[PDB]
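Once you've looked at the hints, dock chains V, Z and S with the ligands against the given chain R.
Protein chains: 4
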Amino acid sequence: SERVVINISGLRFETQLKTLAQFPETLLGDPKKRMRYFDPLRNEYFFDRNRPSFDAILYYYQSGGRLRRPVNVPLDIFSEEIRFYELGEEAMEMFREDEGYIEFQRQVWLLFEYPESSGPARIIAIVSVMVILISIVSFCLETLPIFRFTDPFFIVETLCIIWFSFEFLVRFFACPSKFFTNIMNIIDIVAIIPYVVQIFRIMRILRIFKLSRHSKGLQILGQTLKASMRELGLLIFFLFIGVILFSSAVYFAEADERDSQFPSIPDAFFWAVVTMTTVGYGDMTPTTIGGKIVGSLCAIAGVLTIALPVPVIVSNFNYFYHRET
Amino acid sequence: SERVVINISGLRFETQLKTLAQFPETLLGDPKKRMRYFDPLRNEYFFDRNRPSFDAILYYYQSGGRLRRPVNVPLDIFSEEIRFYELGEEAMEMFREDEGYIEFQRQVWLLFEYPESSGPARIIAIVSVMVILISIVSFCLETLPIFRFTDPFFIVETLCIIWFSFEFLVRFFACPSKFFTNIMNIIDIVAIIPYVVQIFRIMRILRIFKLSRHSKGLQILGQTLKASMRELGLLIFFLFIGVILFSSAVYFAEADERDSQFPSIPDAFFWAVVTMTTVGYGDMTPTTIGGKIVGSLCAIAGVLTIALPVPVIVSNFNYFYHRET
Amino acid sequence: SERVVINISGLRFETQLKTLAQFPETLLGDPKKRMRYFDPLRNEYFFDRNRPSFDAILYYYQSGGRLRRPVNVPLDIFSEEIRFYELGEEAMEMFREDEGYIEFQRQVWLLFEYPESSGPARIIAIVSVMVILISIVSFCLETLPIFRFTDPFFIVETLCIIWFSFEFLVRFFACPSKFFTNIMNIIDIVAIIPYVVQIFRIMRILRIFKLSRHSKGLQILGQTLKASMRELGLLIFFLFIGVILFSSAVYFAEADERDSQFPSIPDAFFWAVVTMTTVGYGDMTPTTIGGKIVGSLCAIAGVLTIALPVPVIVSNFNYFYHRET
Amino acid sequence: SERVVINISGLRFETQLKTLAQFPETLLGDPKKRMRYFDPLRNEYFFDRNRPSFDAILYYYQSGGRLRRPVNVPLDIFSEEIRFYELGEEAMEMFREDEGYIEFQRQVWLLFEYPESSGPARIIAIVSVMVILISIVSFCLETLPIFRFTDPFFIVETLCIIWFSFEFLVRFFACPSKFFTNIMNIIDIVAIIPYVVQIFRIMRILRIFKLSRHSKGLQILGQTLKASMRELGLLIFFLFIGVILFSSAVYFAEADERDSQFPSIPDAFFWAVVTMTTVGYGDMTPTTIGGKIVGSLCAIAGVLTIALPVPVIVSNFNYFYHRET
Ligand SMILES: [K+]
Ligand SMILES: [K+]
Ligand SMILES: [O]
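Residue numbers (the entry's author numbering), protein chains in the order written: chain R, 32 to 133, 144 to 189, 218 to 247, 250 to 266, 288 to 417; chain V, 32 to 133, 144 to 189, 218 to 247, 250 to 266, 288 to 417; chain Z, 32 to 133, 144 to 189, 218 to 247, 250 to 266, 288 to 417; chain S, 32 to 133, 144 to 189, 218 to 247, 250 to 266, 288 to 417.
Calculated from the structure, these hints are not laboratory results.
Be a bit skeptical, because a hint or two may be false.
Identical chains share a label here; the pair holds if one copy fits it or two copies do between them.
[Stated by the list, open to error] Derived pair list, reagent style DMTMM-like, types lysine to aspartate or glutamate, alpha-carbon separation capped at 25 Å:
1. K384 - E183
2. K49 - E120
3. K318 - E416
4. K64 - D79
5. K384 - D359
6. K63 - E117
Here chain R stands alone, though its shape is the one from the complex:
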């Protein structure tokens, strides 16, 4: 119950000794630690330090754990005062968590997993990207009407696979731990499985995801979509409810019309999709006065359905964008 006066650059703080003794590990909790700052003429402990920060420090003793940075104190200045008062590593990491902060194969694992290290590391990454870009150009040219080791496309297709196999064999016996959690390598597995044929071709387009390893923004978008599936799927659900709603509204408004462009419900789905997203079908346009109305409400409700979950998904992207800079 013994009173303790703490002078912070002229700002007076008073408390009970039992409140500071609650945490015997810190500065003000250890009598031998705070001894060097005692003023025997005023019976107080003087500190020639920042003043707005000490409101939360002394409250960390009163509350017995709570360490909230004041809204007017900078983040770096308050964090450097916690080091001086020695509140503890447990309370320091809780402050960051509350603020928002989470030989034979060692050299080959430097110019491949972290291509920003050495000199040849930054060049072998460009060559690996050129193989990917040509791998994408090769996939887009295997279908032209002109074009539809001897096969003129089997010379570059395998050449990229030889490099895409060279981007996997050097990463299995040189990785830290034996790997399937990192999605960067799951893409390397789906880019190297051309051993049902159409499903493997739709699976073959996943070689575009090979750029995510070497791209700055692709990593940011990947974290955004994962950290937004609730509001990301909320759009898909809100659009599903509206498509079923408005495709049926235009169908009953254009049912007695012998030349009504909407024959059934599912045939009016794609019309409601491009009218909500405001893309524009060009084909199925309404003809009935009531059907024309339904199209107007389908375009108005479309902008609302889209623009509601977007700011949340935009905010998740702008956070990871700035945090990675």
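Here is chains V, Z and S with the ligands on its own, set in the frame of chain R:
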């Protein structure tokens, strides 16, 4: 007029005793309550508590009712100080209102109205959703050109009605009070009235609203639209003024043209709607130099007309979204 | 130079007497006014009032005019403290301006200019709106292919003019001052000038603006557009620069093509407009590889050109919207 | 170690003399400078000045360089206190940088480079703009089907070049320094190089950029795009990844269809572009159930791809817009 000194962890507060006696129910208003905190050596009442919060507490006595949380004090910390100073339940609920905060049938009413309680409660809700989803699929398949108890659709249509009647008979004699205010049950009434035929079919599509009971976001959007009708209808009115304006501007610009695609005013309405919402008609495009101009101004003014009331409606949605989490 | 101590509910303020005597009209500047608050035991002036507000009050004496409300003090509380310290009507109105705040014919001028006064005032406004809405419906029906005092439209056209003349003759000899500045009456003049015929018809559509007097949001949008012409016209200029830019880019990319859909520069203007506003022409689509590219860049740059000046115009609207509530 | 008490209008500040002596150039660091403010009755230095500002001033001595304006202190008031305490020109310019702040030919260089100086300076700028606007109108009329010194267009084309040469010869021997860094003159060079012919015509359209010198907003947009290329190019990259992704998804979904509108991968690129930007092709619309799905996901992912990097680019524009006012 007797002066009273209040020491808050070193922060000095002075007032007149009549100001604290204005509220005899609280701590500082009751002399017997504040007796335990008096310091007879300094003639003051000491409190080893939070310091930035007491500005508003002592002002609650001076203003005689006003209790405004300081902008730099957290919401939980300030609210816990009101409990200590015992300002009263009337002033506490006014603070929340000012901040923004509003046997035979008892067990059957748990696995139906609150399907998150028991184990079988969370399974009977999934079965009830599967019936709804099949009920929606059934409505969309009763119109295909191929398909247009013996009727192949009368086997699932009634089967869902048997379940949709099973989702109403168990809720009338098991509800708390006899019900028409909760819109969740008005949908159950409009999903069970298939006892003018086309109007009942347009009324039949309202079975999609049955998902609002089991959906998280549908409840949020429903509250959003109700709490936004002024700005929601402001869009409909702003778009009505512009459609009448620009449909007449393109009609007089394309009147002497014998092959002008716009014959009258109402026939140019749907063109102005999809050009403001930027959907794209594909059919009626302008042909005259002046009519081409009108279409350009109709698309520019459309983005403005849409994007003005949207942020308000988005803010109403993002509030109910986060408040329900 | 005589020192003056001012005690604000325990918060100590010191200054020189010449600083308070700088404004002899206020409380602390008048010795007879502040006499009632002097404490002859401490040699200070005590005030049992708000504490965070007095930082700016005492600075109003030091700065000699500046009166800035603190960011943590509410607007109503700080404004009520200026009344107590009696800083003057000149400094009070400067604070509002700095914060953001600007018989025979007397009874007939109440149920017409302010239709919210009496009972019959709120009914005669509805009848005046029904005449306007029918006046708009009449204008839209004078052009149907079926329809294209004896003239079936001359019975309602003049009947609304009789009312639109009844909404002008009662406002010239009953107005406060003889009127042309208020744009509400300029619309009444352009709705009553049907005494070159096509220009008067395009001028006749301005009868839709008659709703601005009785509409809540139309007044808000009118103030928004006037308070945004710089950024409103900035869009028109940014779109003008892009239309000329991209219409020429697609024309040179599709010049050697004998069947290029773009014959000249001005014939590609409307394509660039609906591709920037993302409306969709449906007619003129690019055919050349380079022309296809130009269309892609014209759609990307369109969203940027639109979305830059929009938030400013949206902010001007959301300010007048909330300020009128 | 000698203690120093600083009284700021009643607010008490204490520190060690060695902390103020750390900067011997300032007021409180120079004993002769602060001598005029010493109170020999209280042993303190009194200042009749602003109170919330001195937290950062005294911390500038403790931190030994850091000068951060408090979040509640206005920018002008805090900056005027730094002048009084005389912290130094080095710390003052660091505060602005931390806040966000960077005869025979002398008279001819006033009515040309700064056309806001004299009277004839503001008129010769309008004539120079009329030549540019006619130069733009001339370029748009050299291609009409009607029109496709004797050449009817060689009379205005050279007349503008004579003026565009008059806007370069007077700026080379009258400029401050001999010029290629300022992009305003690089446009004057690309507007005066009509001395491969089609490439010079696509290079000739760059005469629209001549308006950037005399336009307020064109300068703001130019700074915006340069200060946004990372997020500006991030859109181009995000759209490139999606176009390749969805053009291949619709091609494999519409491959067995003999009348599939998408013959190859590159022929489906422009469809994915206008469906992501929601422009609307009107030509290539999907026909297969799977292809219809791909178009729906291509329109949903398009709004997301567009709306993510837009707020960053909008914020860069709104900063330069307000900073230039
Ligand atoms: K469109
Ligand atoms: K659109
Ligand atoms: O379209």
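Is it within, between, both, or neither for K63 and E117, if the alpha carbons may be no more than 25 Å apart? The answer is within: 14 Å in one copy meets 25 Å, while 39 Å across copies does not.
Pop the pair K49 and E120 into one bin, within, between, both or neither, using alpha-carbon distances up to 25 Å. within (22 Å within a copy, 32 Å between copies)
At most 25 Å between alpha carbons: which applies to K318 and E416, within, between, both or neither? both (16 Å within a copy, 21 Å between copies)
Please sort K64 with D79 into within, between, both or neither, judging by C-alpha distance up to 25 Å. The answer is both: 16 Å in one copy and 22 Å across copies each meet 25 Å.
Indicate which option fits the pair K384, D359 if close means a Cα-Cα distance not exceeding 25 Å: within, between, both or neither. both (17 Å within a copy, 10 Å between copies)
Between the shortest in-copy and the shortest cross-copy C-alpha distance, which are at most 25 Å for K384 and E183: within, between, both, or neither? Only across copies: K384 and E183 sit 21 Å apart there, 44 Å inside one copy, limit 25 Å.
In summary, the structure agrees with every hint in the numbered list given earlier.
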